[PDB]
Amino acid sequence: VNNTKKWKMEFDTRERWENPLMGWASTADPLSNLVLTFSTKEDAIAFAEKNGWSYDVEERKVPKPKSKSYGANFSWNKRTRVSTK
Amino acid sequence: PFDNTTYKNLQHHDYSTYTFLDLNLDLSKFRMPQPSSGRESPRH
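From first to last, the protein sequence lines stand for chains c and a.
Using PDB author numbering, read the first sequence as starting at 49 and increasing by one per residue.
Using PDB author numbering, read the second sequence as starting at 32 and increasing by one per residue.
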């Protein structure tokens, strides 16, 4: 999960086409590789507002805390018994 | 007549392949009623 620790700013992907000579990916978008790293959401919002970029923010999705129990694999009467281990 | 010289466990010479399972079938009537979890299986 160490790649899910920071905020990133990217841009909408523009057109990539086929080079007629080699079949390489030709682009005309200068911002196609511009990925920026921010410690918080507000730093990213402030950097985009300072630069006049229209932005949209997706909130951070954390995994919710699960309830784990190794003994639940061997319940007397619940469906959560493992058929094999 | 205290005998200490003969091996008294000569019964297992006369056991067949279904001896254990026929003894389980014989003991099936002496046993208490089994407990229930309340469901037919853990996949029910």
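Any given hint could be a false lead.
Examples of chain a residues lying across from chain c (beta carbon under 7 Å, computed) [to be verified]:
no. : residue
1   : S68
2   : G69
3   : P73
Hints listed in this document are in silico derivations from the structure and should not be mistaken for laboratory results.
Backbone N, C-alpha and C define an ideal beta-carbon position, used for all residues, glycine too.
Violations among the numbered hints, reported as their numbers in ascending order:
Going through the list in order, the structure violates no hint and respects every one.
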